[PDB]
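Student: Given the structure of chain A, go ahead and fit chain B onto it with the hints provided.
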Amino acid sequence: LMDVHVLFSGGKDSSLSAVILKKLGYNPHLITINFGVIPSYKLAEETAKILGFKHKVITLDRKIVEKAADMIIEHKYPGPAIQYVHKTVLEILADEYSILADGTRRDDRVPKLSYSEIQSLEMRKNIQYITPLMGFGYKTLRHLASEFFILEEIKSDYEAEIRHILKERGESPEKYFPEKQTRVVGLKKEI
Amino acid sequence: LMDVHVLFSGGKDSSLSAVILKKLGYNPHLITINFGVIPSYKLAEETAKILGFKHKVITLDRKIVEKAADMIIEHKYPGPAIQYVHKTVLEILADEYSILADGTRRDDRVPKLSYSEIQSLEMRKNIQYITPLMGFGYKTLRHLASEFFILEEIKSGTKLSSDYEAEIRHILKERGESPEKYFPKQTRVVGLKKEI
Numbered sequence: 003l004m005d006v007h008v009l010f011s012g013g014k015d016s017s018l019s020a021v022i023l024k025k026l027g028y029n030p031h032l033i034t035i036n037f038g039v040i041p042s043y044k045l046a047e048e049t050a051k052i053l054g055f056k057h058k059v060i061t062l063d064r065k066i067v068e069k070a071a072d073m074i075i076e077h078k079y080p081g082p083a084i085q086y087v088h089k090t091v092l093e094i095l096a097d098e099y100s101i102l103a104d105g106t107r108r109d110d111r112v113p114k115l116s117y118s119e120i121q122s123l124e125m126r127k128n129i130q131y132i133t134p135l136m137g138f139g140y141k142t143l144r145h146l147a148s149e150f151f152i153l154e155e156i157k164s165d166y167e168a169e170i171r172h173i174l175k176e177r178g179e180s181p182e183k184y185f186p187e189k190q191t192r193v194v195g196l197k198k199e200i
Numbered sequence: 003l004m005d006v007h008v009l010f011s012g013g014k015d016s017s018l019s020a021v022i023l024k025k026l027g028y029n030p031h032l033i034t035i036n037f038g039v040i041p042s043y044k045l046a047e048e049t050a051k052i053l054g055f056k057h058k059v060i061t062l063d064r065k066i067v068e069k070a071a072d073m074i075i076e077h078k079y080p081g082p083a084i085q086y087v088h089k090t091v092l093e094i095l096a097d098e099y100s101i102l103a104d105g106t107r108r109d110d111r112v113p114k115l116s117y118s119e120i121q122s123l124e125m126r127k128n129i130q131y132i133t134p135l136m137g138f139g140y141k142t143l144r145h146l147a148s149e150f151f152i153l154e155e156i157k158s159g160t161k162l163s164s165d166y167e168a169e170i171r172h173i174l175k176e177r178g179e180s181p182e183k184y185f186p189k190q191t192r193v194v195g196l197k198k199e200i
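From first to last, the protein sequence lines stand for chains A and B.
When you line the first sequence up against the deposited numbering, it's residues 3 to 157, 164 to 187, 189 to 200, in that order.
When you line the second sequence up against the deposited numbering, it's residues 3 to 186, 189 to 200, in that order.
No lab work stands behind these hints: they were computed from the structure.
Some hints here could point you the wrong way.
Unchecked claim - Part of the chain A face toward chain B, derived, beta carbon under 10 angstroms:
1) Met4
2) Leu26
3) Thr106
4) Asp109
5) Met136
6) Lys141
Cβ coordinates follow ideal geometry from the N, Cα and C atoms, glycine included.
Chain A extracted, bound-state conformation:
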């Protein structure tokens, strides 16, 4: 199979992105980003074991999420900060990997590269950026998750570490982020 490096969170739809890539004949190499602040990659690592997929944690420069924290404090809205982290991350991985994918969904607002942005990336660094969920609305994703996974209400992306930095600074993260996590617990079908 052809190799694809997938930004992976361990959630419902993140796991869906990895499963789709498998069925189309890719060998999905799951990667989760950590900036050496707190080990928030655990959930993703676990669910990758469950998914039956190779997982790796790549550590990046904390400075990236420090700046993100700044942007949160600067804008209140997290969009800009998150756009910054995600983009920078892709630019980084694109210097190592030729085929990249993540779980950006149709209904998502951020992270989300624009058209020119995607083109630029693929052209400048000679890679393929793949977003399998791009064509899939909320209802469809919901249907597909419930066909593929056994799911569960529990109560691994950049948010945990960023929020952590905020706490350290004296800022309440709750102010900058909303309230809602579901866990993939097993397969109903086989990938």
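Tutor: Then chain B, alone, in the frame of chain A:
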């Protein structure tokens, strides 16, 4: 098992959309629009047989293409005309099938629904619209096509492709226009490189 109705032209991309839907557990019902001008759907038919998918042709009012013809005559490039037809097809089909799919893709500007057009379409018609290829770019699709399909080139003006083009092209001819001016290759899915 969940049905889905897939606008289908018979090209390798369109075929990839079918195949993907099937990978995800859907029962794909390939459909090709016809406007009663000419039987340009023949290609899509043969291809569905080869893919092993159920196929149907849906006949729509010829005025839809008559207007696409008018629009071509004045825009001279087909974009606006293609948009108008495909949008019109979706509205009509959305009254009959609650899960609609097509072969729209990341690197084709046209045809393509905007996000706001999509949200409107789904809410007004209480429907699911699915675009498997939207997240895949030119190069990725080129690679996927060659992995799933045996392929061959169709030389310019022999076989008729099964999208709106041919039927539009035809009206333009009748009209005393020159089609080579606006619609001056073709790649045939000849077989499968592996089970779907």
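Student: What are the numbers of the hints that this structure violates, sorted from low to high?
Tutor: none
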